[PDB]
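All chains, full assembly: derive it from the sequences and hints.
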Amino acid sequence: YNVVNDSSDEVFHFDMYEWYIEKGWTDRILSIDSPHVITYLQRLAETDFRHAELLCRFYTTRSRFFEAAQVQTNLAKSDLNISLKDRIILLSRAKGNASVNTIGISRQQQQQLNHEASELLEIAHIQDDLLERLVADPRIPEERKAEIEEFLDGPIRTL
Amino acid sequence: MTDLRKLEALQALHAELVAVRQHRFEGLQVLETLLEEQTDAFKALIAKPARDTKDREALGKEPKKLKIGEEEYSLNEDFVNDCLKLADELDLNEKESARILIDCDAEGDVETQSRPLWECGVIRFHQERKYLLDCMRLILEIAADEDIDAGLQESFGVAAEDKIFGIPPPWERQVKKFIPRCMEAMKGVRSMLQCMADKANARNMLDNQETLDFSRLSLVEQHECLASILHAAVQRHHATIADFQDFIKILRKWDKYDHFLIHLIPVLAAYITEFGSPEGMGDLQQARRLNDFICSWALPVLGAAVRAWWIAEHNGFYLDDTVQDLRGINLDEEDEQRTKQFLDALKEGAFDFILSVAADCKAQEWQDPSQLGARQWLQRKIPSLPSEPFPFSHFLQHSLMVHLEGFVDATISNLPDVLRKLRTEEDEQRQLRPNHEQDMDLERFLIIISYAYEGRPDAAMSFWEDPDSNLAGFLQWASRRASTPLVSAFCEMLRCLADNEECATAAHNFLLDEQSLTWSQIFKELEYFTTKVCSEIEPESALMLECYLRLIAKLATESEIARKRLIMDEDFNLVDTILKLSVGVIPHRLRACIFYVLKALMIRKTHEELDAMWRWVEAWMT
Amino acid sequence: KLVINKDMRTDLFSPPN
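Residue numbers (the entry's author numbering), protein chains in the order written: chain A5, 992 to 1150; chain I5, 1 to 173, 181 to 212, 222 to 311, 318 to 536, 548 to 568, 590 to 676; chain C5, 732 to 748.
Hints listed in this document are in silico derivations from the structure and should not be mistaken for laboratory results.
Incorrect hints may appear among the rest.
Here are the simulated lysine-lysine pairs, DSS-like style, with alpha carbons at most 27 Å apart [as the list claims (entries may be wrong)]:
1. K384 (chain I5) x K443 (chain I5)
2. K163 (chain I5) x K43 (chain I5)
3. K1014 (chain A5) x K61 (chain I5)
4. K163 (chain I5) x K272 (chain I5)
5. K732 (chain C5) x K1014 (chain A5)
6. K565 (chain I5) x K659 (chain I5)
7. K1014 (chain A5) x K64 (chain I5)
8. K732 (chain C5) x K1068 (chain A5)
9. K163 (chain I5) x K194 (chain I5)
10. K163 (chain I5) x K184 (chain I5)
11. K48 (chain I5) x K1014 (chain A5)
12. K206 (chain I5) x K43 (chain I5)
13. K362 (chain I5) x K269 (chain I5)
14. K163 (chain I5) x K269 (chain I5)
15. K1136 (chain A5) x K737 (chain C5)
16. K130 (chain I5) x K184 (chain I5)
17. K403 (chain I5) x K565 (chain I5)
18. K269 (chain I5) x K206 (chain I5)
Here it is in structure tokens:
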């Protein structure tokens, strides 16, 4: 592992960040002082959920809660393939992270994000309560249930 | 700014807490916004990720581009060398260590301090723990402030339960408790400080001397903050017997006397108060086991003091037989056992250690020359501090004085017969062998009482409000016929119990007749010594004269009735006696005390007093 | 923003196509 960390090959270190993510070694990746890994995540954060989650962990441990709430909220409003329940977790985290002070950011900007995440989380829970009840309902034909699961187990719908 | 880093976030947060503490609520809305952004910080007090090999080998393999979170940075042969150096000195992860160094380049503090880049990382790392821990003390301190709005006082209270102690609020709700994390947290500070001296001494045996001194100061401050946080948490009845046993074992395994022991003293005091005294876990059965458990020690004075405090605090149960159950238990045997244990603790030097700690706590760089040699004529056998620059705080001193006054009240209201028998034993010992110096237990105890009651008139008034209480009873009983040391200790106590004018007037009215000490005997002894010197003198007589002069000066500076009476009293004529004593062959201390007494008497005077003073001066100088 | 429109929906109790 010395030979690994003693390298200056950049495509290599990118390939190793991806490999650590694959194997699940949050142990060793979260323990890198470097910003090089943060910058690498900032480009692909809004591309994949698993990468965004890593980026948000780096922000939170650095008391940058508002920036994580921003990543999580945009990810919940996006058209990436994300389940409704995963979008409930993202909003719930963003709601908490925007409710606490982050230095350098105005109280107004925090509250406006904590409010957008609170409303979207309220709608998401309604949608989850619906989807669950509809799937379990004995009086609903199977043919329709599959159709319900397609349109409700994804991005959050209007009221 | 708005996008502040970890360091700037804690530094700004600290300023806000001081505002609310200094009666400035202009940042209420801004304060709550910071606690939410640093929620993950308050959860873990102090935790450094272990040095991993994955980052060590990867950092040096491709030291070209670094990715931390969302931003990206470029590593060069110069910066990469600082990461490995910082990680080795502090044993910190390469990723976390790099982030610290990156914060310095952005803020650009290398020019503000003109130091190597790798050294700044050590300071920046210590600053985080300082504010991260120091800010917690302000939260609990403000949550207990009674001079603020009740609503705001409760906001910081519930917040600390969840942010610091990790306890959710009442309106909601695998995890580890706070104490076990705090104990392990303080442990890391000790191991880190120990390894620091070993490595530092090796290379020393440079431009980093001041940095090492600042790091040691930050470490001791963080340890004091952790101790205060632990004390506050224990004050909320959030402990158990396992933590108490662990703390007792850690104390038994104590090696050297230093500031850490003085910081932990109040922790054990609060532990005994919550468990030993009937003001907490009032399980009488549980207290019996702890008594035998407390009653191996690498320092006997510590065990003696602990046993004395435990006995003093636990003797409050056996006062009456109506508030608790005391059936099928003998009293005389337990009383004799506690008495012999307290006597053994005294012989081992419990009060001596307490007095040495109290003295070392208020060690001041400069002292007023009007009180030189006061309370410094005993036989101190306890080793002193190494004199390193580790100044104490104010809240710690306040808590120490409060605990000492509480212990004094308990010992006075629970063990009067013990003090009586000790005084009689000392008297008979001094009588059967005057050539030898008996023990100074009572004098040391009175000096500790004086140190406890200093600059606190709210507590000193208790000795004058109720003249029929136990406090006034002991005050009047300690004024009977005794030796020079006891009289000097009582005079010093009276002098220190005159922080204001009301207490000074009360002491004046209580000293004069309305047997206990009276001004008549004082002036008689003064005239006797004057005639003896003018027709040798022993140290005890000089000490008594100096104590009398200091007491008179204090009463004249604090009280007005005494200043107006003694100045023109025909039966005393203190001025003539002090002048006849000063014109004699005596050391300079007595002359200085007489001059200070004259100054105090002449602090507020009129034309007639000025004329009389000038007449006396001319008559005695011509 | 809510807008009720009972007019044209999709029969929740009939399959598609």
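Measure nothing beyond the straight line between the CA atoms of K1136 (chain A5) and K737 (chain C5); if it is 27 Å or shorter, mark the hint as holding.
Judged against 27 Å, a Cα distance of about 21 Å means the pair holds.
Next pair to validate is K163 (chain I5) with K194 (chain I5); report whether the Cα-Cα distance is within 27 Å.
Answer holds: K163 (chain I5) to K194 (chain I5) is near 22 Å, not above 27 Å.
Are the Cα positions of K732 (chain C5) and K1014 (chain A5) separated by 27 Å at most?
Measuring from Cα to Cα gives roughly 44 Å; hence the hint is violated.
Please work out if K403 (chain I5) and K565 (chain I5) have their alpha carbons no farther apart than 27 Å.
Given pair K403 (chain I5), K565 (chain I5) is violated - Cα atoms ~36 Å apart, limit 27 Å.
Run the distance test for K269 (chain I5) versus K206 (chain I5): straight-line Cα separation, threshold 27 Å.
24 Å, holds
Just to be careful, I want the Cα atoms of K732 (chain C5) and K1068 (chain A5) compared with a cutoff of 27 Å; is the pair within it?
16 Å, holds
Proposed proximity, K269 (chain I5) with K362 (chain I5) (alpha carbon, max 27 Å)
Status holds; Cα separation ~25 Å.
Given pair status - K272 (chain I5), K163 (chain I5), alpha carbons within 27 Å
35 Å, violated
Regarding the pair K1014 (chain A5) and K61 (chain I5), is the alpha-carbon distance no greater than 27 Å?
Given pair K1014 (chain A5), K61 (chain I5) holds - Cα atoms ~21 Å apart, limit 27 Å.
Check whether the Cα positions of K163 (chain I5) and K184 (chain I5) lie no farther apart than 27 Å.
Given pair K163 (chain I5), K184 (chain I5) holds - Cα atoms ~13 Å apart, limit 27 Å.
Are the Cα atoms of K48 (chain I5) and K1014 (chain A5) separated by 27 Å or less?
24 Å, holds
Taking only the CA atoms, is the gap from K565 (chain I5) to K659 (chain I5) under or equal to 27 Å?
32 Å, violated
Of the numbered hints stated above, those contradicted by the structure are hints 1, 4, 5, 6, 12, 14, 17, listed in ascending order.
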